[PDB]
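*Asks:* Using the sequences and the hints given, assemble the complete structure.
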Amino acid sequence: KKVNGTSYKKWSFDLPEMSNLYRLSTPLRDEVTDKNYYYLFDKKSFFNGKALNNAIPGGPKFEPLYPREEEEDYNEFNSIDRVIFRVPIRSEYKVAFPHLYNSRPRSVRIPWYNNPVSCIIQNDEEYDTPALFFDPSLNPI
Amino acid sequence: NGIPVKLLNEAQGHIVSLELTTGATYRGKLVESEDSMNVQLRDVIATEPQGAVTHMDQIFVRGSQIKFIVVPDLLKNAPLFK
Amino acid sequence: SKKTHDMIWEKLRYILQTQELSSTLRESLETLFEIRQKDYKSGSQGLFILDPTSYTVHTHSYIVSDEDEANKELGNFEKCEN
Amino acid sequence: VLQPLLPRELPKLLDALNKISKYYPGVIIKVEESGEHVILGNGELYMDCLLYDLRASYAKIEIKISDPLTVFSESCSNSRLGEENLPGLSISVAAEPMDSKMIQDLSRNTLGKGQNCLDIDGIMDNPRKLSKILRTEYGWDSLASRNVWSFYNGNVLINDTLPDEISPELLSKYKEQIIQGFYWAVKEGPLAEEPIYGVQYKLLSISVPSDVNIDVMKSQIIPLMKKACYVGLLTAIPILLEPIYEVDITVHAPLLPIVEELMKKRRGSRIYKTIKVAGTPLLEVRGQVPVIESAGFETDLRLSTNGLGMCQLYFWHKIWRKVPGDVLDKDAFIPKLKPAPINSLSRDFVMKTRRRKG
Amino acid sequence: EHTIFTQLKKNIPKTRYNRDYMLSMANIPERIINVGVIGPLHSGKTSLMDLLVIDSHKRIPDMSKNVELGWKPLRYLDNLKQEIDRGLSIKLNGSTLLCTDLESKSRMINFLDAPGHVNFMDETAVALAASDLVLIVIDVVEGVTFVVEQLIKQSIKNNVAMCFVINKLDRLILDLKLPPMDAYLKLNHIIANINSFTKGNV
Amino acid sequence: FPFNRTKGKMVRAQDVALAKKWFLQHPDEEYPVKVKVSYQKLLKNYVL
Amino acid sequence: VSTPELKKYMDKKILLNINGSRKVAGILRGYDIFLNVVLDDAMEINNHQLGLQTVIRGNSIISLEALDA
RNA sequence: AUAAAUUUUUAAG
RNA sequence: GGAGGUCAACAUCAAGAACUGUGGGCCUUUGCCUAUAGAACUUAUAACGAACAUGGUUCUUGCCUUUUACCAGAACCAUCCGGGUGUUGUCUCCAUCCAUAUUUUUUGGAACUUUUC
Ligand SMILES: [Mg+2]
Ligand SMILES: [Mg+2]
Ligand SMILES: [Mg+2]
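Residue numbers (the entry's author numbering), protein chains in the order written: chain A, 291 to 431; chain B, 4 to 85; chain C, 166 to 247; chain D, 606 to 683, 696 to 975; chain E, 102 to 303; chain F, 484 to 531; chain G, 2 to 46, 53 to 76.
Calculated directly from the structure, the hints in this document are not laboratory data.
Be a bit skeptical, because a hint or two may be false.
[To be verified] Below, a list of computed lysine-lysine pairs in the DSS-like style, where the Cα atoms sit at most 27 Å apart:
1. E:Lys173 / F:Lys492
2. A:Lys333 / E:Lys182
3. D:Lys893 / E:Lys269
[Unchecked claim] Which residues of chain B face chain G? A partial, calculated answer using Cβ under 8 Å:
4. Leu23
5. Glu35
6. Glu37
7. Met59
8. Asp60
9. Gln68
10. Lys79
[Unchecked claim] Beyond 10 Å from chain A on every Cβ pair, some chain E residues (computed):
11. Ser125
12. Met126
13. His143
14. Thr201
15. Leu236
16. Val242
17. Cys264
18. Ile274
19. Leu279
Even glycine gets a Cβ: it sits at the ideal position worked out from N, Cα and C.
*Replies:* See below:
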């Protein structure tokens with residue numbers, strides 16, 4: 291029942307076991323269950339990171355990909371007399387809402403916005419702290 | 004519950020025909036029906052058992068005194084039966 | 166205290182949720198839970214310079230069936246033949 | 606702001622722009638004398654959804670998009698005279714602040730049943746009664762309550778003098794040419810060439826030249842209402858109104874102190890309500906932050922708390938606020954590359970936006 | 102390139118309720134309605150529409166085997182590119198079908214999903230201004246909140262008829278893990294907390 | 484994904500990549516610049 | 002079980018077609034789950056009124072055709 | 001009120 | 001006949017969000033329209049592999065005596081280590097739905113007599 295057979299493909303397991311495995315492998319596991327964690331660490335914030343030639347502060351650096359930025363007219367549109375600096379525009383803006391802060395992207399992708407703000411609450415201290423328990427993180431209602 | 008009742012309910016909106024124990028056929032838009040076939044109808048003609056016809060507005064009929072109800076043949080198609 | 170504490174808040178929060186209380190008692194009552202999930206050093210603060218093992222301490226034997234021994238005899242002075 | 610990258614492509618952009626206005630209803634679009642285009646939209650994500658759908662579907666041409674900006678508006682807080702450019706006519710206008718609860722009222726458009734006030738849109742609701750709504754509720758002049766003519770977006774016009782009463786008929790001629798000129802100089806502006814807001818206009822009196830004339834007065838009078846309204850605003854101690862987003866924030870509880878900083882930093886810096894949440898370790902936090910400072914804000918939150926939290930900004934009550942500066946200074950400090958000092962914010966924005974148009 | 106879609110006349114799903122008959126219902130204005138659906142972000146809306154859909158069409162193309170039994174939600178009305186990878190909804194988007202109440206009285210219904218972000222409210226205001234009655238979908242954990250306020254004042258302000266659905270109860274137990282009692286207490290707390298905004302109606 | 488399922492298929496024993504997860508997650512804090520730059524190399528090789 | 006939805010016909014004059022090829026008229030005042038009718042009185046169809060108000064039993068009603076729209 | 005870190009070698013003429 | 005195989009052969013796996021067969025109408029086989037049946041595997045933060053290499057041409061660079069060998073980006077292609085599903089063959093191990101009668105149904109208000117046709 292557990293595994294297919296000598297050719298050894300399609301393993302089929304059971305809860306208590308797969309629990310115990312969970313338990314053991316605790317050193318080796320990713321451990322982070324909230325998608326909302328990776329915020330600029332997903333792929334697409336990487337690809338955006340490259341293609342606009344930015345570096346997330348903890349980020350992988352890549353190559354210009356559109357190297358010559360130096361061609362430019364002397365052109366009044368974006369100039370200083372006409373622009374007001376209130377808030378800096380850090381990069382992560384430009385990687386978060388790419389088409390907007392960054393004039394002229396090329397080959398950019400769609401950052402995925404956000405997930406529900408996980409509430410998950412675990413009780414890891416006692417083995418016998420029962421399943422359903424009102425946990426001090428909660429508010430009183 | 005009765006499937007004929009269900010059918011009747013479905014026929015709501017449609018132009019049903021309707022004879023009583025008396026034998027006085029009506030034909031009209033079925034306004035409302037209940038478990039007991041307590042039908043209401045709009046814009047309804049009313050034939051006498053002898054022959055003569057009379058137009059009338061919003062007839063109510065109590066299922067006890069109803070004999071048989073004709074529903075339009077579109078309801079045959081779907082989707083009450085299965 | 167882990168069990169006893171736990172069941173103490175069993176009934177204690179059970180209060181705020183099922184019971185109906187005054188305003189100015191209730192406001193405080195929940196300030197408790199707030200500082201709880203803020204972890205209590207607002208209420209726990211002190212002199213910690215003393216050790217549990219080194220310092221000779223005495224864990225007193227009382228139990229609420231005890232009349233404390235109510236000593237006014239040690240309240241006042243005697244004659245010392247010593 | 607918008608410009609298409611190479612001049613020769615201006616048409617293609619337009620052929621898409623009209624499309625977008627259709628497909629995304631909320632947006633509102635503009636041109637200037639500049640050839641710039643202006644794209645007004647709800648919120649930051651919303652501008653994202655657009656500009657992507659602008660570049661990668663409808664128009665294909667790359668364009669240059671400014672630093673995110675904001676709207677502004679023009680208000681005021683209190696002999697008085699004015700003139701024609703060819704001295705046959707003159708106007709002079711009265712202008713005051715209006716009730717915050719009045720202007721409060723208008724921007725809430727209402728049917729006014731019950732004992733409640735009514736909005737101004739129904740002005741052809743019982744006009745005398747209408748003056749009862751006014752006299753009653755707003756402490757309004759019963760005589761002006763008689764005299765109220767006509768309203769527009771955030772403000773309204775009135776009439777006070779005798780030579781009015783010399784020619785309430787001859788003026789009953791030019792009413793609806795004035796109501797234009799009022800819409801005219803309202804939609805436009807003295808300073809920012811931007812919409813005026815929340816102002817009371819009580820006319821002084823209107824000199825019309827001897828014998829008047831036929832088509833002189835017709836379209837002669839409306840622009841003269843331009844200088845009228847402006848001149849009435851200037852000496853009235855103007856200010857510059859800036860929007861305010863009603864912040865909503867959600868956090869896990871122990872991360873709260875964090876939020877404090879952000880607000881201290883972002884100058885919105887009012888968190889009105891900390892609403893505990895029930896059964897869930899959350900805190901709703903209701904607050905305010907101005908539009909202009911809100912630029913990156915929602916990220917600054919979403920990062921700084923390491924994946925817990927969320928934010929939204931939005932504009933409903935359509936509240937506004939004075940911008941702190943002194944609306945004109947010849948001695949002003951302008952930083953050149955830093956966020957300006959709050960002893961003049963507004964002087965700055967004047968001398969900038971004017972440097973957009975000219 | 103720009104969107105997803107189906108372009109053909111023979112691959113549109115079979116639709117187990119026999120469309121033309123639906124078109125027969127369509128005659129009487131009496132038996133059809135327009136239900137707009139709104140709520141706050143990430144409240145379950147589009148998912149819910151898809152409950153109706155997968156419950157309606159018999160054999161869908163867009164199902165991968167994945168969501169078929171699986172994990173990721175099939176988000177049917179999403180349909181753009183942007184609204185897919187952005188992970189969200191922009192253009193409000195319809196679905197029509199006939200479906201039965203428990204009576205077996207089967208009505209034709211126009212559902213219309215609306216975006217739940219607060220910078221898209223514009224494209225909800227449409228969804229109201231048309232639609233007949235609206236389901237406000239409340240995410241149990243979030244609980245009502247300023248956005249659900251301005252909604253419910255906007256529904257009933259425009260003379261529409263509301264029904265609430267509490268959503269995402271997986272998050273109740275299987276995350277918060279709330280003993281049965283305290284959960285009941287919670288739901289009560291929402292309901293009490295909403296009725297104060299639905300005044301003359303309970 | 485590795486875990487919650489309890490029914491699935493084998494992988495060639497070299498496909499399970501045990502250490503991917505560590506260099507996806509943030510660097511943490513303490514580490515001296517040698518290992519951080521080690522991270523940046525592992526990203527760059529991944530993204531690519 | 003369910004109530005006869007005659008709230009449309011409330012406070013309107015109705016031709017109660019009744020058992021044995023007879024008739025009644027009158028304004029509708031009330032009813033119940035058995036379809037008994039309570040009505041403010043009128044004639045029996053030349054014509055002659057009896058009573059101030061009248062109550063018709065459920066069984067007896069053939070029809071209650073509305074005189075007013 | 002900062003957490004931003006390139007390389008690296010063998011043969012043949 | 002069932003279970004298996006670190007067994008084989010042959011099909012199929014990147015697309016109008018997309019497959020195939022069939023009935024009928026039109027054009028003249030293709031093709032269009034209509035009706036009908038069936039759809040394994042793989043796909044939406046898009047894909048056969050929650051894995052991860054190498055080669056060729058072409059441009060841009062970087063080391064910089066020249067070439068192999070190279071530095072790091074892009075475009076267009078290729079190779080290689082693997083995989084799923086289906087059919088057939090072969091091998092091994094075993095076997096030959098209420099329960100009950102007093103207004104809406106089933107405890108009936110049915111019958112008798114007479115005229116016309
Ligand atoms: Mg949605
Ligand atoms: Mg040589
Ligand atoms: Mg040589």
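*Asks:* Next step is simple, just say for each hint if it's right about the structure.
*Replies:* Evaluation of the provided hints:
1. Proposed proximity of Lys173 (chain E) and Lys492 (chain F) is supported: the alpha carbons are some 20 Å apart, at most 27 Å.
2. Proposed proximity of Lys333 (chain A) and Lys182 (chain E) is supported: the alpha carbons are some 18 Å apart, at most 27 Å.
3. Of the pairs offered as hints, the one joining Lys893 (chain D) and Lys269 (chain E) holds, with about 20 Å between alpha carbons and a cut-off of 27 Å not exceeded.
4. Hint on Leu23 (chain B) holds. Least Cβ distance to chain G is approximately 7 Å, under the 8 Å limit.
5. Against a cut-off of 8 Å between C-beta atoms, the interface hint on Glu35 (chain B) holds, since the closest Cβ of chain G lies about 6 Å away.
6. For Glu37 (chain B), the interface hint holds, the least distance from its beta-carbon to any beta-carbon of chain G being 5 Å, beneath 8 Å.
7. This hint holds: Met59 (chain B) has a C-beta 6 Å from the nearest C-beta of chain G, less than the 8 Å allowed.
8. Proximity of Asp60 (chain B) to chain G holds as hinted, the smallest CB-CB distance being about 6 Å (cut-off 8 Å).
9. For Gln68 (chain B), the suggested interface contact is upheld, since its CB lies about 5 Å from the closest CB of chain G, less than 8 Å.
10. With 8 Å as the threshold, the beta carbon of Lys79 (chain B) stays out of range of chain G, its nearest partner Cβ sitting at about 27 Å, so the hint is violated.
11. Listed as a non-interface residue, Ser125 (chain E) keeps its Cβ farther than 10 Å from every Cβ of chain A; the least gap is roughly 42 Å.
12. With 10 Å as the threshold on Cβ separation, the claim that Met126 (chain E) sits away from chain A holds: the shortest Cβ distance comes to roughly 38 Å.
13. With 10 Å as the threshold on Cβ separation, the claim that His143 (chain E) sits away from chain A is violated: the shortest Cβ distance comes to roughly 5 Å.
14. The Cβ of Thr201 (chain E) lies farther than 10 Å from every Cβ of chain A, with a closest approach of about 32 Å, so its non-interface assignment holds.
15. Here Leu236 (chain E) stays apart from chain A, with its beta-carbon at least about 20 Å from theirs, past the 10 Å limit.
16. Annotated as non-interface, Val242 (chain E) brings its C-beta within 10 Å of a C-beta of chain A; the closest such distance is 6 Å.
17. At the 10 Å boundary, the C-beta of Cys264 (chain E) stays outside the reach of chain A, the nearest C-beta of that chain being 23 Å off.
18. The non-interface label for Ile274 (chain E) is inconsistent with chain A: the shortest C-beta to C-beta separation is roughly 7 Å, within 10 Å.
19. Some Cβ of chain A comes within 10 Å of the Cβ of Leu279 (chain E); the nearest lies about 7 Å off, and the non-interface call is violated.
Comparing the model with each numbered hint stated earlier shows that hints 10, 13, 16, 18 and 19 do not hold.
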